[PDB]
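Below you'll find only one chain, the form deposited with its partner chain bound, shown as structure tokens.
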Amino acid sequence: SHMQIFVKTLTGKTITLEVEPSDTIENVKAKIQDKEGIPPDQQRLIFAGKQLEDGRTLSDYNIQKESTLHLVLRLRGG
């Protein structure tokens, strides 16, 4: 129900997040904004080499306690 995950921010420092399986990706990004001050629209979260889309939840990606997400900046292929 209540778990902790890790996020590797842009500077390389590792932060800990208090989350729930039901939390959406945008809620996670909101927590990232609270701790690091980066707007969600500028955040791109990666898990297992794959981008995490906003609409889905941590359960949808089977993200479990003490998993580590990687934060990069929003990007566009062209």
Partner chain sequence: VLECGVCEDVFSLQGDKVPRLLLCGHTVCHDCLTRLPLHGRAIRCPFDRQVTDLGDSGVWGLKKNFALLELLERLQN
Given for the second form:
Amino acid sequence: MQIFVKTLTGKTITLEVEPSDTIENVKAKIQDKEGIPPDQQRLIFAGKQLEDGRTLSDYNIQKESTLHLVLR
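Instead of the form deposited with its partner chain bound shown above, give the structure for the form deposited without its partner chain, please.
Here you get just the chain by itself.
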């Protein structure tokens, strides 16, 4: 499925993921497309900082959701 990731600059990143993918997996995918190391990324959705170890399905993040990327 496809999901989006929006940065502070307003840039929107499109990712191909599976519901079973962990947040750290998603961060590596962002690094693959943008060069930003996972350790410098904070992903937020529904007011929660998404934690490594949990999957998109754990957070009930479905197709075409737009996550918020904040740098750390």
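Positions refer to the first chain, counted from 1. Residues that one form lacks are left out of the comparison. Heads up, when I say rigid core I mean the largest set of C-alphas that superpose within 1.5 Å between the two forms.
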| item | value |
| --- | --- |
| Residue showing a 2 Å-or-more C-alpha displacement between these two forms once the rigid core is overlaid, selected from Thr11, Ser59, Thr16, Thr68 | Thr11 |
| Rigid-core-fitted C-alpha displacement of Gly49 between these two forms (angstrom) | 1.4 |
